Amino acid sequence: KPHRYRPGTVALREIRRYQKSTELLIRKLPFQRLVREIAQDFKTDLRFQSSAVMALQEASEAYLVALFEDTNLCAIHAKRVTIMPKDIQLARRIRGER
Amino acid sequence: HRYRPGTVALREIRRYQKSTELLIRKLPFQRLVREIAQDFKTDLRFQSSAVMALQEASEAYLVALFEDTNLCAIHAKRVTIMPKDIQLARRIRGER
Amino acid sequence: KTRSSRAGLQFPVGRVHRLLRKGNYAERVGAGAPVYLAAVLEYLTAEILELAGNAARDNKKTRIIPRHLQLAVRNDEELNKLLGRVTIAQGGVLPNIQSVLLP
Amino acid sequence: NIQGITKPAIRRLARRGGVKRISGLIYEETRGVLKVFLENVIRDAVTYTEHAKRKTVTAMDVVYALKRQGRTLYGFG
Amino acid sequence: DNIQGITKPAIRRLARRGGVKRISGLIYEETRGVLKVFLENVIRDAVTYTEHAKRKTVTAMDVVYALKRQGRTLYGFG
Amino acid sequence: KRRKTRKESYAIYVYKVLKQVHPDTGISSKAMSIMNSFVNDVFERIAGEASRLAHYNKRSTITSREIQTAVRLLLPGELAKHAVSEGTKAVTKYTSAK
Amino acid sequence: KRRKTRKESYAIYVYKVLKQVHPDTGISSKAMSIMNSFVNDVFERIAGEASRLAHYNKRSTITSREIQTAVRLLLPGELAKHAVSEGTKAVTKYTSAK
DNA sequence: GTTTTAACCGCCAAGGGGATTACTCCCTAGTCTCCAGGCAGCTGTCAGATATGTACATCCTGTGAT
DNA sequence: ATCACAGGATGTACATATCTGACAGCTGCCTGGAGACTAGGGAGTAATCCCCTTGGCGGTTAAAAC
Numbered sequence: 037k038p039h040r041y042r043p044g045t046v047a048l049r050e051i052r053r054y055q056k057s058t059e060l061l062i063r064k065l066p067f068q069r070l071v072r073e074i075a076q077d078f079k080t081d082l083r084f085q086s087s088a089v090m091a092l093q094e095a096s097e098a099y100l101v102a103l104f105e106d107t108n109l110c111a112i113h114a115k116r117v118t119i120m121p122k123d124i125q126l127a128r129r130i131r132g133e134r
Numbered sequence: 039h040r041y042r043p044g045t046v047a048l049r050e051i052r053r054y055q056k057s058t059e060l061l062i063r064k065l066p067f068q069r070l071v072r073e074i075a076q077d078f079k080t081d082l083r084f085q086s087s088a089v090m091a092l093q094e095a096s097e098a099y100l101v102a103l104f105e106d107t108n109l110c111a112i113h114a115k116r117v118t119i120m121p122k123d124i125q126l127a128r129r130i131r132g133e134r
Numbered sequence: 015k016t017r018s019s020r021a022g023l024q025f026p027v028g029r030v031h032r033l034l035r036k037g038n039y040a041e042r043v044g045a046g047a048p049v050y051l052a053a054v055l056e057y058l059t060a061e062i063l064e065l066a067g068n069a070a071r072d073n074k075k076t077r078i079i080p081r082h083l084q085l086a087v088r089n090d091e092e093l094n095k096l097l098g099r100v101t102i103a104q105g106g107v108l109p110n111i112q113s114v115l116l117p
Numbered sequence: 025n026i027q028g029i030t031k032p033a034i035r036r037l038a039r040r041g042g043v044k045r046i047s048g049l050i051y052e053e054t055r056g057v058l059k060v061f062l063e064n065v066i067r068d069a070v071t072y073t074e075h076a077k078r079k080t081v082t083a084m085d086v087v088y089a090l091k092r093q094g095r096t097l098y099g100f101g
Numbered sequence: 024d025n026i027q028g029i030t031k032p033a034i035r036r037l038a039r040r041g042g043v044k045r046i047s048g049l050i051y052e053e054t055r056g057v058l059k060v061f062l063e064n065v066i067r068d069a070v071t072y073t074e075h076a077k078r079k080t081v082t083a084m085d086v087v088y089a090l091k092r093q094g095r096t097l098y099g100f101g
Numbered sequence: 028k029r030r031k032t033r034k035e036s037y038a039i040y041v042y043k044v045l046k047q048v049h050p051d052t053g054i055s056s057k058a059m060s061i062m063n064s065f066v067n068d069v070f071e072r073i074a075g076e077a078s079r080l081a082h083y084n085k086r087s088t089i090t091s092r093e094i095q096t097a098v099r100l101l102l103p104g105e106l107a108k109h110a111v112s113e114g115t116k117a118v119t120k121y122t123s124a125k
Numbered sequence: 028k029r030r031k032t033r034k035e036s037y038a039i040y041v042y043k044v045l046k047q048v049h050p051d052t053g054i055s056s057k058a059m060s061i062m063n064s065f066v067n068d069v070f071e072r073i074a075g076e077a078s079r080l081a082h083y084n085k086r087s088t089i090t091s092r093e094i095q096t097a098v099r100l101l102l103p104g105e106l107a108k109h110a111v112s113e114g115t116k117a118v119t120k121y122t123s124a125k
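Protein chains in written order, with the authors' numbering: chain U, 37 to 134; chain W, 39 to 134; chain Q, 15 to 117; chain X, 25 to 101; chain V, 24 to 101; chain R, 28 to 125; chain T, 28 to 125.
Please note that the accuracy of each hint is not assured.
Here are the simulated distance ranges between beta carbons [as the list claims (entries may be wrong)]: (1) R:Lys-125 to T:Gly-104: 51 to 59 Å; (2) T:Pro-103 to U:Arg-83: 21 to 29 Å; (3) V:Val-60 to W:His-39: 50 to 58 Å; (4) U:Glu-59 to W:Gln-55: 44 to 52 Å; (5) R:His-82 to Q:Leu-108: 37 to 45 Å; (6) Q:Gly-28 to V:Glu-52: 39 to 47 Å; (7) W:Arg-63 to U:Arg-52: 49 to 57 Å.
Here are some chain T residues the structure puts well away from chain X; computed CB gaps all over 10 Å [as the list claims (entries may be wrong)]: (8) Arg-30; (9) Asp-51; (10) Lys-57; (11) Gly-75; (12) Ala-81; (13) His-82; (14) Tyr-83; (15) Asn-84; (16) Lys-85; (17) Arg-86; (18) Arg-99; (19) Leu-101; (20) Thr-119; (21) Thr-122; (22) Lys-125.
To be clear, the hints were calculated from the coordinates, so they are not data collected in a lab. Heads up, the beta-carbon is just placed ideally off N, CA and C, and yes, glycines get one too.
Let the sequences and hints guide you as you build the complete structure.
This is the structure we're talking about:
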C-alpha cells in the first residue's frame with residue numbers, strides 16, 4: 037500500500053511554504069504576454085520596460101493574495117472551508133469594486 | 039388584527055428608503071459628540087452645522103455598514119444580522 | 015556648517031527645504047519646517063530600520079531584505095496602519111493560518 | 025451618552041440599510057462602531073480647529089476631517 | 024488568449040499564500056476575470072501616463088503612478 | 028564615456044540611521060529602494076497636508092506648526108507624539124544654535 | 028450695518044446651466060450648495076492630477092493637454108470622452124475667436 | 001398594546017469669541033559667491049545562495065489492548 | 001471494540017563546504033547647499049463689534065421603554 041497523506045495535510049503544507057516564501061508565484065512569460073495583449077487594446081506598438089512588467093506582476097499578485105484572504109474569510113463566515121465564486125463576489129462587493 | 043413577522047419590517051424598509059430625514063435624535067447625538075470631544079479638548083464649542091454634518095456622515099456610514107452586514111448575513115444563508123456579520127464587513131472593508 | 019548638523023539630524027535639511035520650495039506646496043516655506051520634517055522622517059526611518067534589523071537578526075541575516083521590512087511593518091500596529099494601502103515588493107505575507115482550517 | 029442612540033434608532037438605520045431581522049446583540053456593536061467613527065472624525069476636526077487657533081469647531085473642520093478619511097461630504101461648504 | 028497563461032497551479036499557489044485550504048473548480052475563471060479587470064485598469068492608467076509623456080515605452084514609474092492613483096502604492100520600483 | 032545624470036536619493040541618510048540603530052546590520056539594494064520610496068511617500072503626504080492646512084487658513088507660508096499639525100493628522104497614536112517630540116527637539120536645537 | 032464679506036460660489040453658473048438643460052425647473056439652496064461642493068471637488072481633483080502630471084514630466088506649466096490627461100485619468104469612460112470632446116471644442120473656439 | 005419620558009419647539013437672555021481692521025516688524029525670497037557633500041564610477045571580499053548529507057518532526061495506518 | 005502507541009515513510013530544519021556577485025568602502029569632481037546681505041509684504045498683535053453659541057424654561061406629544 038503506497039503512502040498517501042490525507043486530503044488537507046498537503047494543502048496546509050503548501051500554505052505554510054508559500055507564506056514563508058516571497059518569490060512571485062505566476063510564471064513571468066505568460067504574465068508578460070497577458071500584459072502585452074491587454075495593452076494592445078489601449079495603444080498599438082507599445083514597448084514595456086522589464087521593471088514595469090515586474091511591478092505589474094508584484095501588484096497583481098499582492099492584490100490577488102489579499103482578495104483570496106478576504107475570500108477565505110467570507111467562506112469561513114459561511115461555515116465552509118472551500119472558497120467559491122460567490123465568496124469572491126461578496127468580498128469584491130464589500131470592498132466596493134462591483 | 040396582527041401582521042405576520044416580517045410584513046412590518048418590509049414596510050419600514052420601504053418607508054425609510056423613501057424618506058431622507060435623519061434617523062437619530064438630534065440632542066442625544068449632540069451630547070455624544072460633546073462627550074467624545076471632551077477627551078480631546080476642554081471647553082470646546084460646536085456650530086450647529088458642524089453637528090448636522092457629523093450626524094449626516096455618521097448615519098450614511100451606519101447605513102452603508104448595515105447594507106454590507108445584510109449582505110454578509112445573506113451570504114451565510116440567514117436573514118438576521120449578527121455581530122459577526124458586522125465584524126466580517128468591517129474586516130473586509132479594512133477597518134479592523 | 016550644514017543645517018542638519020545644527021539640528022542634530024542625519025537627514026538633509028537643505029534638500030528637504032529645496033523640495034518644499036520646488037514642490038508647489040506654498041508660496042513661502044518657513045525656516046523650521048524643513049528641520050521638523052527632516053526630524054520626523056529620520057524618526058520614522060529609525061523605527062522601521064530598528065524593527066527590520068530585529069527581524070533580520072531573528073532570521074539569522076545581517077542584511078535587511080524586503081521580507082524583513084514587510085515583517086517589521088505588518089508586525090507593528092501603528093506602522094501597519096500608516097502603510098495599510100502600501101505594497102512592498104518581494105515582501106510576501108505573514109504566516110497566518112485560520113484556526114478552523116487546522117487539523 | 026452612547027446610550028442616547030436608542031434601539032429604535034439603530035433599527036431605523038438598519039431598515040434604511042435594507043436589514044429585515046436584527047439580532048439583540050447588534051446594538052452594542054453598532055454603538056461601539058459609531059463611537060470609534062465619531063472619535064476619529066472628531067479628533068481630526070479638533071486638530072484642524074486647534075491649528076486654526078479657534079475654540080469653536082466649524083462645519084468646514086468636520087468636512088475637512090471627513091475628506092481626509094476618504095469620506096467627502098457635500099452640502100456643508 | 025493569454026489569460027489561460029495564468030494556469031490553475033498559479034491560482035492555487037496564490038490562494039495558498041492567501042491561506043485557502045480548499046478551492047472550488049469555478050474559482051479559476053473568476054480569478055482570471057478579476058485579474059483581467061485589474062490589469063486592464065492599471066494598464067489603462069499606465070498607457071495614459073506614457074502617452075502624456077509622448078513616449079512609446081511603458082516605464083516602471085508609469086506603473087507606480089497608476090497604482091498610486093488607484094490607492095495601491097507600490098514600494099521598491101522608484 | 029559620459030557619466031549618467033545624477034539622481035538624488037536618501038540612501039546615505041538611511042544608511043547612517045541604520046548604522047545608528049544597528050551598527051552591524053547592513054541593507055540590500057531592494058530594501059534601500061523601498062526605504063527611499065517610503066521616505067518620499069511620507070514626505071509627499073506631510074507636505075500635501077501642510078499645504079492644505081495653509082490653504083484652509085488663508086496662509087502663504089508653511090512653518091513648523093503646519094508640518095506639526097500634518098504629522099498629528101497623518102501619524103497614528105504613539106508615532107504621532109514621538110515624531111512631534113523629536114521634531115520640536117530638533118527645531119529647538121536648531122534655533123538655539125543659529 | 029456691517030456688510031457680510033464676499034463669498035464666491037458657482038451658484039449663478041450652475042443656475043445658468045440648469046436653465047439651459049431644464050428651463051421650467053428650479054433648485055433649492057441645499058442642492059445648490061451640493062452642486063457647488065461637487066464643482067469645487069472636481070476642480071481640486073483635476074487640478075491636483077494636472078499638477079502631479081506636470082511634476083512627473085518635469086514641466087512648470089499646466090497646459091490644456093495636462094488637463095486633458097487628468098480628465099482622461101479621473102473620469103469613468105464615456106464621461107471622460109465627452110468631457111474631452113467638450114473641452115477641445117471650447118479650446119478650439121476660444122483660440123479661433125482671439 | 002400600555003406607560004413613561006425627554007426630544008422638540010418656541011421664546012428669551014448673556015456674553016465668548018470669530019471675524020474685521022489697522023499697524024508694524026521681522027522672516028523669508030532673492031542674489032551673489034564659494035566650497036565641500038553627495039553622486040557616479042571602480043573594486044575587493046564575504047554573506048548568502050547552492051548543493052549535500054543528516055537528524056529529527058510529523059503524519060498515517062496497523063495493531064494490541066482494557 | 002473503539003482507542004494510544006510502534007514504527008515506517010516523507011519532509012523539513014540544520015551543520016558544512018564552494019563560490020559568487022552584490023554590497024560596502026575609496027576617489028574625483030561638480031553642482032547644490034551654505035554665508036552674507038537687502039526688500040518687502042505676510043503675519044503677529046491689539047481693539048472692536050456683533051453674531052451666533054450656549055444656557056434656561058415651560059408645554060406637547062411623539063417616540064422610547066417595557
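Hints and how they fare:
Restraint check, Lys-125 (chain R) to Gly-104 (chain T): a C-beta distance of roughly 57 Å satisfies the suggested window 51 to 59 Å. For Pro-103 (chain T) and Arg-83 (chain U), the hinted distance range of 21 to 29 Å is satisfied, since their beta carbons lie about 28 Å from each other. The given range of 50 to 58 Å is respected by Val-60 (chain V) and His-39 (chain W), whose C-beta atoms sit roughly 52 Å from each other. Distance hint check for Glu-59 (chain U) and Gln-55 (chain W): the Cβ-Cβ separation is about 50 Å, which falls inside the suggested range of 44 to 52 Å.
Evaluation of the 37 to 45 Å hint for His-82 (chain R) and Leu-108 (chain Q) yields a pass: the beta carbon distance comes to about 40 Å. At roughly 56 Å, the beta carbons of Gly-28 (chain Q) and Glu-52 (chain V) sit outside the given window of 39 to 47 Å. Here the CB-CB span from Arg-63 (chain W) to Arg-52 (chain U) is close to 53 Å, well matched to the stated 49 to 57 Å. Against the 10 Å criterion, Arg-30 (chain T) stays outside the reach of chain X, whose nearest CB is about 20 Å from its own CB.
At roughly 25 Å from the closest C-beta of chain X, the C-beta of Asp-51 (chain T) stays outside 10 Å, upholding its exclusion from the interface. A Cβ of chain X approaches the Cβ of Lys-57 (chain T) within 10 Å, the least distance being about 6 Å, so the stated non-interface status is violated. Remark: the non-interface label on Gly-75 (chain T) is consistent with the geometry, its nearest Cβ contact in chain X lying 13 Å away (cut-off 10 Å). No Cβ of chain X comes within 10 Å of the Cβ of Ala-81 (chain T); the nearest lies about 23 Å off, and the non-interface call holds.
Every CB of chain X is more than 10 Å from the CB of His-82 (chain T) (nearest about 22 Å), matching its label as outside the interface. The Cβ of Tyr-83 (chain T) sits about 23 Å from the closest Cβ of chain X, beyond the 10 Å cut-off, so the non-interface label holds. At the 10 Å boundary, the C-beta of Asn-84 (chain T) stays outside the reach of chain X, the nearest C-beta of that chain being 27 Å off. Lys-85 (chain T), annotated as away from the interface, keeps every beta carbon of chain X farther than 10 Å; the closest lies near 29 Å.
Every CB of chain X lies more than 10 Å from the CB of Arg-86 (chain T), the least distance being 28 Å, so the non-interface label holds. Every C-beta of chain X lies more than 10 Å from that of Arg-99 (chain T), the closest at about 22 Å, which supports listing it as non-interface. Residue placement check: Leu-101 (chain T) keeps its beta carbon more than 10 Å from all beta carbons of chain X (closest about 14 Å). Remark: the non-interface label on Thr-119 (chain T) is consistent with the geometry, its nearest Cβ contact in chain X lying 33 Å away (cut-off 10 Å).
The non-interface label for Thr-122 (chain T) is consistent with chain X: the shortest C-beta to C-beta separation is roughly 34 Å, beyond 10 Å. With a closest Cβ-Cβ approach of about 36 Å to chain X, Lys-125 (chain T) is found to remain outside the 10 Å limit, as its non-interface label requires.
The structure does not agree with the numbered hints 6 and 10 stated previously, though it agrees with the rest.
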